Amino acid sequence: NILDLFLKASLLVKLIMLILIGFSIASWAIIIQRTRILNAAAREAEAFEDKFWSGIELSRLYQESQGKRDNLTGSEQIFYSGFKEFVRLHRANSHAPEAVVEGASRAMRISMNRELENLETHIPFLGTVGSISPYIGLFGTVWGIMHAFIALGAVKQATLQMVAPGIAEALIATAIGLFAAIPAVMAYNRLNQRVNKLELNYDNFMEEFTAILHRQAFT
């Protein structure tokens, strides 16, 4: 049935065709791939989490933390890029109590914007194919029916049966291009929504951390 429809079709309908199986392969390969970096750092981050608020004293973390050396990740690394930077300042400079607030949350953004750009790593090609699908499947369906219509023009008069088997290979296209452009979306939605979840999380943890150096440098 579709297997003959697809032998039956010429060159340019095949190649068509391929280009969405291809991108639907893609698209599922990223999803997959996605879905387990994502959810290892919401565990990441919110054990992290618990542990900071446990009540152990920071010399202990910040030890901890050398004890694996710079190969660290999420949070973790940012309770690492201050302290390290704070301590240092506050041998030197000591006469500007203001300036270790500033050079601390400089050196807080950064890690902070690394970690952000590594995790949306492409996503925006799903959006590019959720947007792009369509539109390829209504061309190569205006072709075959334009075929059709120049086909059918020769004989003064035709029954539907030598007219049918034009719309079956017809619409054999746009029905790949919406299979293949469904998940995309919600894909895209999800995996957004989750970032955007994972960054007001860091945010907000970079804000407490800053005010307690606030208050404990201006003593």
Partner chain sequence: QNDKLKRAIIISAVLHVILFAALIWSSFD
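Rigid core (definition): largest C-alpha set, two forms, superposition within 1.5 Å. Residue numbers count along the first chain shown, from 1. What changes on going to the form solved in complex with the partner chain:
Superposed on the rigid core, the two forms differ between the two forms by 2 Å or more at the C-alpha of one listed residue only; from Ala29, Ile37, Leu152, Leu171 that residue is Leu152. Core-superposed comparison between the two forms: the CA of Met162 exceeds or equals a 2 Å shift.
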Given for the second form:
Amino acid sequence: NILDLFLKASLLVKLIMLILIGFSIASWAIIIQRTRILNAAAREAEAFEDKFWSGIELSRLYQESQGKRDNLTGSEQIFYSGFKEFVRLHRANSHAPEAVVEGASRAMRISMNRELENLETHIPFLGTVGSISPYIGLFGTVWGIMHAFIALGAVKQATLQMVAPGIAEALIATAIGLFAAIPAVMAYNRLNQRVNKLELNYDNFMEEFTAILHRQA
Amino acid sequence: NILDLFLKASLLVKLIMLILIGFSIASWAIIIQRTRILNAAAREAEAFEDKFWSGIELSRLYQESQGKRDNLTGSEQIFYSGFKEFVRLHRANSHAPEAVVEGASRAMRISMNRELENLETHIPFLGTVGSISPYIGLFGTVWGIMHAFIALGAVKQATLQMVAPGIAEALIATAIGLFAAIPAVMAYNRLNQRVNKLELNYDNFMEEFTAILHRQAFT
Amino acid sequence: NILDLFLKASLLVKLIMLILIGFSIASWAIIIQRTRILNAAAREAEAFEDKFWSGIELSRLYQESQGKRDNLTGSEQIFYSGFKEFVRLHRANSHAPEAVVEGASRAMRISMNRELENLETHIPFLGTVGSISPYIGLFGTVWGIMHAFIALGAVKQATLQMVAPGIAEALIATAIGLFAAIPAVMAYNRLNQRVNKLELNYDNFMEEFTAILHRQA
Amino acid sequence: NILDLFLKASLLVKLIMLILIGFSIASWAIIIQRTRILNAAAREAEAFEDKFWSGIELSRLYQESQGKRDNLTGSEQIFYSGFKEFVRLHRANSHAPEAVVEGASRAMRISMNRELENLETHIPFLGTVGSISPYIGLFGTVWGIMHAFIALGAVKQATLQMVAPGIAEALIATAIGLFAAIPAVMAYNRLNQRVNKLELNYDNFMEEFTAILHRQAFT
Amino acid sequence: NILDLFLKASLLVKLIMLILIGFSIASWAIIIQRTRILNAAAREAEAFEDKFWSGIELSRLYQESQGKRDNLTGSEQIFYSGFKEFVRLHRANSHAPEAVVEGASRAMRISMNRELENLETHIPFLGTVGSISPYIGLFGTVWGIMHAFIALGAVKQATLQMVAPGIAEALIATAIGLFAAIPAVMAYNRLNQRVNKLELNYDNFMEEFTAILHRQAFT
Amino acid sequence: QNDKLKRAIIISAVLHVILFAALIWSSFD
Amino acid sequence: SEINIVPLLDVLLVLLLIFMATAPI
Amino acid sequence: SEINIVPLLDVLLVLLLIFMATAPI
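Output block for the form solved in complex with the partner chain, input the form solved without the partner chain:
First the chain shown before, then all remaining chains and molecules of the complex.
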């Protein structure tokens, strides 16, 4: 049945099909993995932003952040970095507070870039898979048809009726290639659009905190 | 098999196949060279920052950099350019302790741009190969089929045995085109990723050094 | 007819069909709401702009505006904001004409941006639906073709009659995809054109009002 | 041949073909009508620029300007609006020449926006045809193929001669759809590029006239 | 070969072939002219870059550049557009050394944008040709296939003779489409790379001169 | 990071295996 | 705008699956 | 990103032409 037709096909076609199936498994694994991390980051950032506007004293927030200084992620880390830079540079006899504000902004930008780079990993593999997948299947189909016609022209006793299954096996390659290609192409754009929103949220929080810090000096 | 159909092809098909083989050879050579160059650059960049945070006095690092001016590539060049510019600006006059920041930033940015431009040579050629390769194969295949069907009308009785080899001779071109197309598209993205990561590392170094010099500038 | 084809389909095909039908219903509802809202907005704007140049003094216009200032929208809201800001800046802080002009311009810009943001919404969903719909149909067709080959290989017959049932569901997926795709694109384009026309009308009104105000001072 | 297939096609296929033909006719009419207006406007603008840079006093050409009241277009109306606003607001209030220039510029911007928005009608209709037509053609083809193969499966005997015409009637739809789709987008891309040139010419004239007004205001 | 099947083709095929041949001729002419223009620009820029660091005092270079007045291209226009501006800004406002640098940078950027816009022309036409060319061949292939299906469905047990015209027309259309498509894409990529290289060189020169100016204004 | 990736790989592999098995079994009927 | 002919792949695939088994009756 | 389409369509159409030309039905 299925196994007979699989064995009747040449080795290259089977190898290509197995490669495509493995590609699909890996792509789905990455897609499933990244979504939980992104959602957790979004909810944690929203919760921390909500807690920050309740009117709690900033010293208490700094103490709470310092309690888990090695376990701060997302919007928490940016606040801690900015506050540390602001306080440490303030004891350095800085005559001009504008210098302190600039230093705080610089430290916050550094930490923000590090956190975004941390979040944005493992994505371009999906784009590479989506861009490469169809060509392998097309190559498999072309090779299959080429060898089918070569075998037909080698022996005059052959007929298209006997060679018929080879062409179907060749077309299965293109089918599987498109099957593996499409979801990665969709998910790449979806995840990039989702990351842009977190970038915007971080930027606006950065601006707000910088203004609040500058107004108190 | 393949060689016989290669020999039996017409002039245009042979020229197309030769061009495609040349493109494949060039692509493989470019990949092989750039992989080693980028690996060496990454290893040196990782190694230098380990020394920078060790805790050696700045004068010793500066003299060590001075001793090997001939072999200054990568991150250490940025440090040398920035520190030289800072020293020159301070020696000119001690006024305006804010212009030194902008001057050092300019000096570091110029060297960073030069080095990043240097590391990215010969990569855009690969994208051209990936974009153009399939079309030439299709051109060869359609010309071969046209020639075969034109020659088919010469005989009176029609048999598939006569026309069978021509179709395979035509399809060889498309197969070669796709085989040349895949590796270039594979390699382009990986090389771009490595260059982007190196750029991020250099930006981090620039920001840290600017913060250090800004803190040291004001008493 | 359609019920038999839906029942004979596989599980993934049924899920895809349900998703596409839901998309169609949501798109139709969004179109129905937005058409009425946009038409009402255009009619109100045209009527108010017709009323303005009738020879009615700005003082009595402001007096009438405060009666329904809670529900003032569009051009009426812009006029209210501009006149209020102009009056406030004339009797408070510096009285330089440049400052008054700048403040009035900023207030009008803020109000216009808020109104334009209010009018256009749920349109990016239509754009996303139009962009994504065909790919899901192609995915369903590919899955159906794979299923048809597997079923054909299960049996020992190779007649095209056995293959023929393996194409109906694959074509139905694409038909549903196109049916969901077309109206979304059409409505997207029409609504964008209408919003652009409204934006142009608002901009012309605000420039004329600014020119009128700047002349007296 | 083609007429026989059109007559023997299903009602949906005929309706789709009629819709596509109507779209093609509308697109051709719009393109033909819109092509001449832009050329006429460009010629008028060039002639007016040549007249303006002829060294004639502005008073004489303004005395000739009011004759075509509510009939000016292009740079003539823009110049008339700017000059009238400048003269009126200068002879009314002499507190600040920069205010006079600013008022003139505001009137100029209003008039330019009105002119450009007048010159850009019916162009966005072309994009919808290019975006939509292939979808309708493909829907017709899909429905036709489905019906034909259902009819083929209704009979246990398989032969392609019986079902051959159905595929041709299906493919006519996509042929017509793509034929209507191509020229629309091709001309839509070209027409948009011509508006930018008129915008640039108007902007250059606006800058020149503002400079002249600024020079004359302090006198 | 081409002529025989072209005679055997229909009127639509003839119109398509004429359109595509005209497109190919226009593309070739544009490529031939643009390559020479860019080569001349590159050699002039390289020569000027070589000359700038010959040890000649800047005053002599400025006096020499005054000989050609405003007829300057390449990196020469960048020096003239900006040295005088820096001198006059410093003369007018000697109390704001941080503003003359900003003004010089803005003027140099504007001049560079002007020159870059000047050096890029008729490239979007090549892009349009490359983007639109394949679809006309697709339309031709669809017409050929539907004609072949009509021929098959016309007479039962057809011969290989009456199916020739559709296949011939389809193959001709595809071949001509690809032939018109390929050179446009290749030239597009190459010219974009060369323009990017020239822009990078101009940016490097601007940065170096701005650094020199900032160093000079420090004291 | 590595543990989450390994768990995702395992769950994706088993999901693909069961999906293909279900497809093969259903196509038999 | 843009010309998208994405759903044409299904038509060509379906047609290709049929000429293979069209010879038997 | 982006699934390039023009090569797939051309290859499939050439295959269809080959299959049509070799059928004496």
